[PDB]
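Let the hints inform the model, and build the full structure from the sequences given.
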Amino acid sequence: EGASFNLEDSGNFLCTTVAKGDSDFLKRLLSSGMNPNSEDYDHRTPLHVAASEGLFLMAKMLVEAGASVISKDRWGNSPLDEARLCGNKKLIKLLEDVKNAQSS
Amino acid sequence: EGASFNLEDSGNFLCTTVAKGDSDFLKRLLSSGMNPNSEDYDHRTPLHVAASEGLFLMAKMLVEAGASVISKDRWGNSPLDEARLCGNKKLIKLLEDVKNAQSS
Amino acid sequence: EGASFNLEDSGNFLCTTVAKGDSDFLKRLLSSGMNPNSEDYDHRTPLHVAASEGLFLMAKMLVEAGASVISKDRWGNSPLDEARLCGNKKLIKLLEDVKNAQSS
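Those protein sequences? They're chains C, D and A, same order as listed. The C-terminal residue of the first sequence carries number 722 in the deposited numbering, and the numbering is unbroken. The C-terminal residue of the second sequence carries number 722 in the deposited numbering, and the numbering is unbroken. The C-terminal residue of the third sequence carries number 722 in the deposited numbering, and the numbering is unbroken.
Quick caveat, the hints were computed from the structure, so don't treat them as lab data. A couple of the hints might just be wrong.
Copies of the same chain are indistinguishable here, so a pair counts whether it falls within one copy or spans any two.
[Said to hold, decoys possible] Keeping only pairs whose Cα atoms sit at most 27 Å apart, straight-line, the calculated BS3-like set for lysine-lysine is: (1) 707 x 678; (2) 707 x 638; (3) 638 x 711; (4) 678 x 717.
Below you can see the structure in the form of structure tokens.
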């Protein structure tokens, strides 16, 4: 039927979802077509917060859905920079290569 | 009712559930009751693969289920040393605590 | 009519059919063209495990229908390295011969 969630603070609720680690629920939203680029109040994408939490897999679903790595939070760091902050080497490497792809 | 898995390659199936990142599957499984130590064809417990991927979240669930840490691998790689190989210092310390408890 | 396997856990599947003793089942996979050097969660090719197991005829047939002796696992160990770890001089000899043949 081509419906959409159309939820207020959809990106902020996505950041809360990443906070709760609802990986399957995140995947179902992104399969339906929810925007992972939509950030929270602090301009943090769900990719931003997931990278800050070292959620390599969850950030990878976010990347597949198109969560922007070149986007910047309220502090002005990309999700990749949040990955460097957390130190999750796997998610750090994934986030390098996804940012490099997005730069084109 | 008392239903039981009794699955063939239950060690391998557990290890693949670990490798495929099915955290909710593990939750239902630990809730259902399942040896957190069943070894695969390479004699690896589920927590072996959990630490080899540095899955501090999922490995923690196996630790909660009481996953064996002292048990080594076909190469001498205990899941504690698997976490060391991955580089998850947090998981290294967690598995170190569990293994030091398991010494007795 | 153009069928295929499309099975997941292909590395698990191959390593197990070699290990469980149903190498005829493995041969039936190879009849369909299933690549023995399929992806594994630990990068364990079936011949790795088989050579380190101590059985010969099973790894023998597996490598007979094709294999990768120079394939590395997640530790970088080759099936020949696993034969060396097991010290299976018969497996070591066969695997060295196939390794040289492959490298050629």
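Could you work out which of the previously given hints the structure breaks and list their numbers from low to high?
Those not satisfied: there are none.
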